[PDB]
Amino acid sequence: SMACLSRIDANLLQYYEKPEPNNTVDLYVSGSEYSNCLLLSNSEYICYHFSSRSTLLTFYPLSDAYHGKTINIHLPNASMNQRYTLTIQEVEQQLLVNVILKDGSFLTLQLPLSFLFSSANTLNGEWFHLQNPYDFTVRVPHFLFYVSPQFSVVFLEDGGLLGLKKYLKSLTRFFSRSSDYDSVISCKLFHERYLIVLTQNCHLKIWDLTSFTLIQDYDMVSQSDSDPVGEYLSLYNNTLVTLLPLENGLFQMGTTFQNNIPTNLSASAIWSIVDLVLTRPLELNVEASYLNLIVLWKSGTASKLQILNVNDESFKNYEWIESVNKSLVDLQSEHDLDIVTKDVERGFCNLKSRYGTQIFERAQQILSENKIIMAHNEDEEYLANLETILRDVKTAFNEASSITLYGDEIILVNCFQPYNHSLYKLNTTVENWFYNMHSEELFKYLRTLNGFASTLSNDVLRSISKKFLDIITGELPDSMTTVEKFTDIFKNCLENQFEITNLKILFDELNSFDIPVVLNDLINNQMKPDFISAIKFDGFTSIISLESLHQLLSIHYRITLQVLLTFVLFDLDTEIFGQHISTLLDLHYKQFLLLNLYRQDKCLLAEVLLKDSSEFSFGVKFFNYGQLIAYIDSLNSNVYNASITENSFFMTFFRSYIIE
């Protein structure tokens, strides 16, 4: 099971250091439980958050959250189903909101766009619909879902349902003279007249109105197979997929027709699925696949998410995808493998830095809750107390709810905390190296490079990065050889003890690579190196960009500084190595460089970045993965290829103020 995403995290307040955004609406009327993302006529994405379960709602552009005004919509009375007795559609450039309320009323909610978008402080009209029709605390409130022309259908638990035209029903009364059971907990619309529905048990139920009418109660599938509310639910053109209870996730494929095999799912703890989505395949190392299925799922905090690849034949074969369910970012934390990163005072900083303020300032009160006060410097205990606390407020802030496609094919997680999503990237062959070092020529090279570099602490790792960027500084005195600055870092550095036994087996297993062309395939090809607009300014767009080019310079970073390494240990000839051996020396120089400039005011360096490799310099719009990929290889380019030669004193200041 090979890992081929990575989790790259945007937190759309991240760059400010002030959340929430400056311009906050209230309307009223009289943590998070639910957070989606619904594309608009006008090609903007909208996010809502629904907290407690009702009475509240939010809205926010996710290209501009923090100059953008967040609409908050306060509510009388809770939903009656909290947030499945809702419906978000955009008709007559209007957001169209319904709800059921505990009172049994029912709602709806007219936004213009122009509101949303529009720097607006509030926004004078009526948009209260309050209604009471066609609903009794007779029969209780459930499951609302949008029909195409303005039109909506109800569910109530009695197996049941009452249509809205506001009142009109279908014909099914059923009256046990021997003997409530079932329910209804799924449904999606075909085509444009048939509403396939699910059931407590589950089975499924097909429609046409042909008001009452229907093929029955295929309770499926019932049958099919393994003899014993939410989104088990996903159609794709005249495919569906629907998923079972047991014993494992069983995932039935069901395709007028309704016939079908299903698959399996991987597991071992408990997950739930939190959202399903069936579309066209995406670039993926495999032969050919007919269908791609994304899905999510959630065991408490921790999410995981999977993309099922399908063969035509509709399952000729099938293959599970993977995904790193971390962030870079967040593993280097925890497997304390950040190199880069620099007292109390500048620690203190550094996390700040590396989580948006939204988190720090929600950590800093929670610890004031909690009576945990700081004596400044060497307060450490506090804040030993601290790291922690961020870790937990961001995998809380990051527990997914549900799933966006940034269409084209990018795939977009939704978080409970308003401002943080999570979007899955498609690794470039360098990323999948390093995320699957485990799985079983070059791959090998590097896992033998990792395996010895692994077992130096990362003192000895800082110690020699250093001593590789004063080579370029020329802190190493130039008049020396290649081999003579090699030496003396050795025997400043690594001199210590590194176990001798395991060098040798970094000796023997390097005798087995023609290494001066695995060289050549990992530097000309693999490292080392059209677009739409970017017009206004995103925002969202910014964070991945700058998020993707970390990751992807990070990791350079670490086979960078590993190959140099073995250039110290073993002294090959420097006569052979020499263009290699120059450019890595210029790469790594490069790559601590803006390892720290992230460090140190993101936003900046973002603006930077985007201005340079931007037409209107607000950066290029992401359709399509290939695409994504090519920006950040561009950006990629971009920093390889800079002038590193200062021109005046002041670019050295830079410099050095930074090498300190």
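Residue numbers count along the first chain shown, from 1. Heads up, when I say rigid core I mean the largest set of C-alphas that superpose within 1.5 Å between the two forms. Compared with the form deposited in another entry:
For the listed set 267, 483, 235, 286, the sole C-alpha moving 2 Å or more between these two forms on a rigid core superposition is that of 267. In the core-superposed comparison between these two forms, residue 316 has its Cα shifted by at least 2 Å. Once the cores line up, the CA of residue 173 ends up 2 angstroms or more apart between these two forms. In this overlay on the rigid core, residue 214 has a C-alpha that sits 2 Å or more away from its partner position between these two forms.
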The other form holds:
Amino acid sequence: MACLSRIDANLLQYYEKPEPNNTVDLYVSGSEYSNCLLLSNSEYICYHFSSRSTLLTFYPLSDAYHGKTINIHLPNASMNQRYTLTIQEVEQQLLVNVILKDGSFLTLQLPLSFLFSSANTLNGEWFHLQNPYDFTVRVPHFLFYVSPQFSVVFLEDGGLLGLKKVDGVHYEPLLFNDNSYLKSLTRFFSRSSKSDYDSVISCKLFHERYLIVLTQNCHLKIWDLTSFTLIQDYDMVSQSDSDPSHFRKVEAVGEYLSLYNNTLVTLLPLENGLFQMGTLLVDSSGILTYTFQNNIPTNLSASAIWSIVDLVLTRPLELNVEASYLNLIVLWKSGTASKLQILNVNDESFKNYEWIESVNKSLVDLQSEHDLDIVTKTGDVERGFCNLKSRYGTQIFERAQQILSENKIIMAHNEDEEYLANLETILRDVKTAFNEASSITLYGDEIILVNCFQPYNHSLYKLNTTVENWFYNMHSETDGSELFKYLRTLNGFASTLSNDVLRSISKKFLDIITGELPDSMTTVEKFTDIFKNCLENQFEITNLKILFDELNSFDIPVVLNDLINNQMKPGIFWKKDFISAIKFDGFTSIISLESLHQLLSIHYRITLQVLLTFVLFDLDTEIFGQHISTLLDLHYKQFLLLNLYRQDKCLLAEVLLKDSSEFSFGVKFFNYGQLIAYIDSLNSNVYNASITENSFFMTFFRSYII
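Same protein, different form: I have the form deposited in one PDB entry, so give me the form deposited in another entry.
The next block holds one chain only.
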């Protein structure tokens, strides 16, 4: 039931200086919202709005470290946060608009080149204030964007102004028709500080005119930018059992609806489970029409305390089922923690739908939590210290080392085992803090990227390959081909041994190949050595019967032939274009290595459990013998890659993104098909690479690192 995993991308992950070398600070006179805006030159740029709407940082996704980042300081906080702010690339320039508190209208103009150039300075006129209206009376809160010259505003009193650009930098108010509905709610019984405040909290734009909106009280309106008159005003709350008692009226502004083609989709307050999707149908003599259709509910259990974070209506993807048409990628939050789901719509008919979910934690994050890492070098403390620094990397590691001093805690001797457990917990923490959701983004066609609060941090949700589903869905399911079951009855045993025990074995297996466990011996004696030494009196005999019997009802010879030759060991890639990347893309770079790692990790576990049976049961070392010698080869290879993963990530990446010579800069994926493709390609280079020391310089290098 889980189809995508979470791959975490810390743009500075590889590097050791927590901050880009080239950082520029412009003035005038993050930890709030962050998102990616694609550009002309096929370059995504990310933005952050300092918590206090004070600062607005900028940087290039594809190259966080060497690339340059800008910290555009501001005269003073905008009106209603990231709402009274919009960013669109006019023409070879970025146009930022920010109705500061004072009611000014700040407009920035940044050259495209000034982002991807070298300049530590920007001169001329890029920023300029203004005051085309007295926002002293009717304060706004939802600055929008329509055209390069026009874009509407929105006041807290269900009102809306307008801004028309005549020249190059000038705007003048253009009211519509509301005034009527405003002046008269005065003559009717009352109009307090917040009585009938159907203020707007969402909006869009269908066919350059229709500002399909929405109000606090779900009243959906549809103005006309060729009339300046509100063409309609639906009452969303009355298109299905209008839950009396308590309808949570939109309090805090937010992304409550998105529109794709003809369709629209809307989140509605019903124990958090209302996605009303009434497709549009606008032309006819009648100029407007919102055709309600269905109202799908969300499976947000655990009390339903999951506020939306952003979401997106869009094309089909490529998942399990065939029945496809649309995908509503939805992203919720809860404290720092978050959930991302893809809501598959089987047919145009809005009633046959199927929900898909994904793992909310990186495989790495998961390993540490449930203490499941068997590869990481243990022992010392300055060692466990080195590790953490790697698994977490500079930025997060330094933030946590500050916080440990700020909170008056320091290291006793160079074995302060308590500093550790501390550093450790702060790290789990600083990381989850940093990884807080904030907005989706479709890198390329349909690739899900989540932007997080703390800059240089993103999270890609990848579509699981076959094995990856079994891994991530072992306990999570029943049924599925034979292999799955086999892999589970194996897991259903290994799980019960201790790690010290697993390590100890994997250890031995490594030897059968390095030779430490002398060749002479029969691949039948070692397996017994590796039994008195590693598994005798190390497991409950009871579970041993389960495995044996359970293991029987399996065509082992087969399931195992499918596992090793159709699941793990790939065949041959007749090179299905990955798009040789010209300039070094650091983003795509780590999305690869992390994803590479996630796979081998799962292979490694599987590989390991399989072999474990070849020692715990007398099976014909001459029948399956073909496999074993292959299994060991794999096991030994996987492990080596894993250990290497930890030793030095940046390095492991260069030798894996230049090994693919023509692509000695990386690849440029645009769809999950291209992604898996690539991954497996490397999955290969690893599995098909020589592991024989052609000299001592090499035997050493191996004995050491491994």
